[PDB]
Structures are given as structure tokens and as C-alpha cells.
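We have chain A already, so just place chains B, C, D and E on it with the hints.
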Amino acid sequence: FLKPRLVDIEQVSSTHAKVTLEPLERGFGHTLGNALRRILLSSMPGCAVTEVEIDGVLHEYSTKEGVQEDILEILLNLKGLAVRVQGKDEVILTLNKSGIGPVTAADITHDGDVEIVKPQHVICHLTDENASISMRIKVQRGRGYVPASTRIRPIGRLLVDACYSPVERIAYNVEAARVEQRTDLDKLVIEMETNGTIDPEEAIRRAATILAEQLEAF
Amino acid sequence: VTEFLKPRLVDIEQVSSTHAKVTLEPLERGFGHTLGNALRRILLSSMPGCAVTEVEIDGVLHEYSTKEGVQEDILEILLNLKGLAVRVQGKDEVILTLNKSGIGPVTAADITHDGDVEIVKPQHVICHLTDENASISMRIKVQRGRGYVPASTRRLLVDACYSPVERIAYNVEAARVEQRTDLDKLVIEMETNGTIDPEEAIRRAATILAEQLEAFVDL
Amino acid sequence: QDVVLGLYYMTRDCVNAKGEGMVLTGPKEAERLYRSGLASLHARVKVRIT
Amino acid sequence: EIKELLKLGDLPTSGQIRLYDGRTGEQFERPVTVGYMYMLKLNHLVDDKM
Amino acid sequence: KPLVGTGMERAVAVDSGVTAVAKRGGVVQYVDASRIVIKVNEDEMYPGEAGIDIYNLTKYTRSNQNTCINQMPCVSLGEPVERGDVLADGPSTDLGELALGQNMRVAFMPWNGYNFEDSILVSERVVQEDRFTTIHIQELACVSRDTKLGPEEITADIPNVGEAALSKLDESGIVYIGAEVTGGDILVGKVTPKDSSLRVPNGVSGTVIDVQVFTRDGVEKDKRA
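Read top to bottom, the protein sequences are chains A, B, C, D and E.
Those letters in the first sequence? Residues 8 to 159, 166 to 231, per the UniProt record's numbering, in order.
Those letters in the second sequence? Residues 5 to 158, 170 to 234, per the UniProt record's numbering, in order.
Convert by adding 503 to the 1-based position in the third sequence; the result is the number in the UniProt record's numbering.
Convert by adding 1193 to the 1-based position in the fourth sequence; the result is the number in the UniProt record's numbering.
Those letters in the fifth sequence? Residues 697 to 890, 915 to 945, per the UniProt record's numbering, in order.
Because the hints were derived from the structure by calculation, they are not lab data.
Treat the hints loosely; a few may be bogus.
What the hints assert, rightly or not - To list a few chain E residues with every Cβ distance to chain C over 12 Å, as calculated: (1) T763; (2) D790; (3) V822; (4) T851; (5) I854; (6) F934; (7) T935; (8) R936; (9) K941.
As the list claims (entries may be wrong) - Each computed DSBU-like pair below joins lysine-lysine, with the alpha-carbon atoms no more than 35 Å apart: (10) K10(A) with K521(C); (11) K10(A) with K104(B); (12) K25(B) with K521(C); (13) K86(A) with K697(E); (14) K200(B) with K1242(D); (15) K1242(D) with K25(A); (16) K1196(D) with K1242(D).
No residue lacks a Cβ here, since even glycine has one placed at the ideal position from N, Cα and C.
Bound-form chain A, shown alone:
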């Protein structure tokens, strides 16, 4: 029984990459591909915005003078934000911005071990010469999908439906491997598409570790 190894990782784009596992025995390619795909799509750790506290906003069903978008749209945009806080498991971000122009995700005054992977992510559009926003964004790590209506306080805290899942689209492919003198050896190419907040090799290793831990019962 030959055992696979991570022999190639092609970072084709910023977000999506293509790892390669070889050599695989006949039949093990589809088994490993499907198991790793399901584990990656179901159980990968990620960071997501959980609670937002805008300054003059009481609830998500209101509007602020100066912005072109409702507060609910701002919460949706913050839900679609990718962040890679390194060491901690909970970080309170901060955003101050004024003047006419878009409020991009680069305007977040992130600390040292917090990395915004898509600075061009538009949050809201300020449309007034003298009008500023101030939101204390909260980011914390997790797993899976946790809606705001099921977790567990003041009248200014806006809970956001958090989606702790870096991956978006996992596709595997099984094709024949080019061994020097051997046949019936496949090659797995897990083409994964994250949002940039996780390494591909780290994701594959985490999926394999989770599968091994689940097999540890017997």
C-alpha cells in the first residue's frame, strides 16, 4: 500500500489553489477526495464578523445621515468580510472614516496580528462632505454556520449572522499518476476555492487530522 504525499500546491489565484496528492492506490483516490471535500466544506476553522456597534445607530432597521446604504446593508457587507486574526480568538476591530467617498475594508485600523485579505471590499458609501461613521467591529474565530438568532446585551449592539467557513467551493479530480514503472496508481488534485483567510496546505492537513481523529475511535 503506497501512501500519498503533498507533492504539489499550485496557487493559481489569490483565493483558490490546487493541491496534488500522489501516489494513490486504485480506488483510494475517490474515497480520499470525497472524504476530504466533505470535511473541508463542513468543518474548517475561520474568522467572521459577529457583532457590530455603530455609534449613532440603535437597531439594524434604521438609517444614518450621510451614508448611501441602510444599516442592514452595512451589516450584510460586514458579514461578507474576510479577516485572518492570527493569535487571538476574539478581536474588536475599529473603523473611522469621513468625507465623500467609499468606505473600503482597508480603512479598518487593524492591529498587528490582524490581517485584512481583501482591502477593496466596499462596506458603505459616504455621500456627505462632513459626515463620519464609527463602528466597533467584533471578529472571533469559530466553525460552521452560527446565526445570530441562536447564540446564547445593550441597545446598540447589532448581532450579525456569522459564517466561520473559509472554503467556498471544493472540487477534487482523480487522474492517472506518472510513476516510473507502475500502473493502477491514481493522483488526487483537490482544487479548493477559499476566500484567502486560510492556507491550502493548512486546510488539507487540518482535514486529514480531523479524519484521523474520527478514526481514532477504532
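Showing chains B, C, D and E alone in chain A's frame:
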């Protein structure tokens, strides 16, 4: 964040031997199908074992033929040899002999022992004889392999059921821990040919799967 | 309207298969061959059934 | 015209593509119809009826 | 928007009245989340009383069927707009085009009986993306009628009830605008002359977005009013 509900084998309750039925719970949401399908795919077509590969009977040279004094057909002889579950030691392939004469059944107990080769079901009937002059002697070749190799893929050719399993079929149903809403409950049903225990085959398949995920694991 | 469609697609035959001329030793062998992908669900084989 | 517009992309003209099973990882043994249908949400909500 | 339409979506969107359609063409001088100001062109500007025209959008408000009708702008700052083109998308409108649903990637196949007779099997991504999540604004009224044995009050002290249910109430007995009240919480604390306070109906959460107090001329006022 990295914690998961570790399952534990609640019961390994057994129907009549080599028909164990294992159920482990509670799995995380979606892991029941992963574990069940991976274990089933490994147990089915990737498993070391020994099975009858080819057989030469002196009185025949064609699958659609017959020998006087043989109650069954050659196809039924091949079918009986397919179900001939055997266990072979370190030798990779041996040749057994089945010289037999006289009216009566031809059981697996009339095969030459040859030492290391051992039949797990000596009561397995292979042929039936109805004539005094019916002298049947075959050279059954058993070879070590993995999974199922049909005769159509590759001097009578017999399908080789190397894997000791005979029917493996999981079933994932709903289970709940004290508060959590949706979990899984893997229920594995396996029947083997008698050369291995089903609970032993489960841990064999788990070892085989776990050895694959050892070069890219976090230790 | 769905179980009948499943049982009609299952219990049906076309004149070809992944393996058609093979002769099986029982229903468990047929299920093992279908699941392992070595035989189509609409083969025309000879199974030994009690 | 629908088939020509399908040809304009890279999709098959028959409208049916190949789908693999999500959990078992093996293909459905027939081309299935996949496309973007405009589903609505009628306001017969279950929590307004329980 | 519907990917497959008929071309009459725009006519229904414009002619229904839910979309703030520009009266005179010009240049968007200032677009806010609650208003749009159009700098009318010199061609269409009258000699007297010319000025400009302001379109005050209708934000989150309750409709007849307890749905949420809320206009939002579909134009940008300093963008030329003509006469009779949409400026604010109404409820279920996408750039002046009647859009009553979401484009769903469907597959026609039996899936283990979960679409047995007429059922639909919906992926978890659909509820993760809040595609079919809808807002349902509903009102609750607490009329205080001066019955026998004396009139009623809306004071914030409720007998036989602890302070857990009275935490969200203010000193005037009404609930704060923005409170994330659930089923069974006190909204307006009303006491009859001997507790009949207005409570959220069971099984529905929510968020108080508006409180309106109408007082009969003769009752002085309350501090929340």
C-alpha cells in the same frame, strides 16, 4: 474551535457469527456519511485476502460442458468455488487438490490440507456425485489479492473475492447529545465469509484508512 | 410516484452492462458488484437465490 | 435559440449536465437537468400556521 | 432580478408607484439612504419657482400584510438622470424591475425522498446567504380604557412580577426603541384597577423600531410621550 464530538462504539451486537452490526454515536453533523462511505469503500474493494482464482478440472475444458456423474453444472461448480472461503498463510499463492470418487457430496473437508492452507467452512459443499464411476479431481488455485477482480477483466477463470467481507452497508440516522440539535449515528452492518471477524475487519479498514492520512497529518 | 420509480429503474434490464455474462453466487454478490462499480444495475446475470 | 445560447457558453445543448452525489462521491448514473430557476417565497410561513 | 423574464417587469415596477420615479431630469446632486436631491437641468427648469426637487424615500414601514416596504436608492452621486427613470428601488424591485424572488440553481432529481410529493430540498447555502430571509414589521397596540372603579395607567411598576421583565422598560413604562424583545416580554406595562400589560405574542422575537403614543386631549402627558 478544533474540538469535535468523539464517538464511541455503543454496542457491537452480533447476529450469528460473522454478521456483526456496529453502531457508533454521536458523530458530528455530516461526519456519519464520511466515515460510513470511506469505511464501506475500503472494506469493499481494498482489502487483503485469499480466494480461489482459477480451477482446472481434468474432465472438462470449457465452461459450457459437463462430466458424466456430476449432478451440477460447471457454472455451479465455479459458483461453489467462489464461496469457498479460505485462509492462507505467508505463501502468496498455493494449489489445492480435490481428488474424490464415490456417490455422495463433495465437501470442502475432502481437499488436501497442505499444511498452512486452512478451510474455514469445511461443510461447504462443492459438487454432488450420482455415479459409482464418477471420479472428479480438480486443481483449485487460490491467490492473494485485494478486492474483487472479475474473470472478465483477465483453465477455467473464476471470480476472485479477495476481500473477506460479503455485504457491507452503513446507515446514518439521527442522534442527539443532551442539548445539541442535529448529529449523526453511524450504523454499520457487515457480513464476512468466515475468514475474519466483522469487528476485526472494521478496525482493519480503519487502520488502512488511517495509514493513508499519515504523511499530511498534524500528529 | 417516487418509490415506484426507484423500483422500476432498479428492476429493469438493458442489453449491455459493465458486466453481463457473469454468473453470481447470491444477492449479496450482486449488491457488492453494483456498489463497487463493476456491474451495471441493469445487467442480465445468473444469480443463485434461495 | 435556447440551444444556441447554451452553445455561446460552454454548457451542453441538451440542458442536462453530470452531477455527482454530495455524500457518497459517486456520480448519478444519468444526466440530470441543472439550471437557474426563479423560485419565489410565498408568505404562507410555517410559524404563522403552527 | 429574474434571469428569465418577460419585459413587463419594468412596467409593473414603474407603474405600481412603489419606486421613486424622477419627475424632471437632471443630475443627482445629493443621494442619501433616506432622500435623493435632483439638480434639474436648465432645459426643464421653469423661469419662476425653479429650485430643485427632493425625493424623500419611505424607509422601513409596515404594509397591510405585515410585510416591510422600504425604498432604497439605485442611483449614484453625480449621475445624470432623465425624466421618468427610477431613482429608488421599492420593495422587491431591482433597478426598476419587478423582482419577487431569487435566482435559484435547481436540479430536477429524486433525492432520498426529501422531495417526495411536492417538497423542496434547499441547500444550507441558501439560508447562510439570507436569500429568502424576509422582514416582517408588525405593530402591537395597548389601549388604556378608563373602565369602572377608576381609570387605567401605564406605570412601570407591575405587581407580582420581578425586575427581569421590567429591565427593558423605561421609567415611563414603555419599552426602549431598539430592544431585542422576545416572546413573552413586557412592552407597555399597563395595570388595571384591581396587571394586563401588553406582551409580545409567544413564539416571535423582534426588535422595537417605533413607538407612537396618542394621548386624548385632557390627559396631561407622560414623560415618554
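Now the hints, each set against the structure:
1. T763: The assertion about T763(E) holds, with a minimum of 35 Å to chain C.
2. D790: holds, 36 Å
3. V822: holds, 23 Å
4. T851: holds, 61 Å
5. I854: holds, 55 Å
6. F934: Holds: least Cβ distance 57 Å, greater than 12 Å.
7. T935: Correct as stated: the minimum Cβ-Cβ distance to chain C is 62 Å, above 12 Å.
8. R936: At roughly 62 Å from the nearest Cβ of chain C, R936(E) sits farther out than 12 Å, so the non-interface label holds.
9. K941: Nearest chain C Cβ is 65 Å from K941(E), so the label holds.
10. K10(A) with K521(C): holds, 29 Å
11. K10(A) with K104(B): violated, 46 Å
12. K25(B) with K521(C): holds, 31 Å
13. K86(A) with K697(E): Roughly 22 Å between the alpha carbons, so the hint for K86(A) and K697(E) holds.
14. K200(B) with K1242(D): holds, 32 Å
15. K1242(D) with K25(A): violated, 48 Å
16. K1196(D) with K1242(D): This hinted pair is violated, its Cα atoms lying about 43 Å apart.
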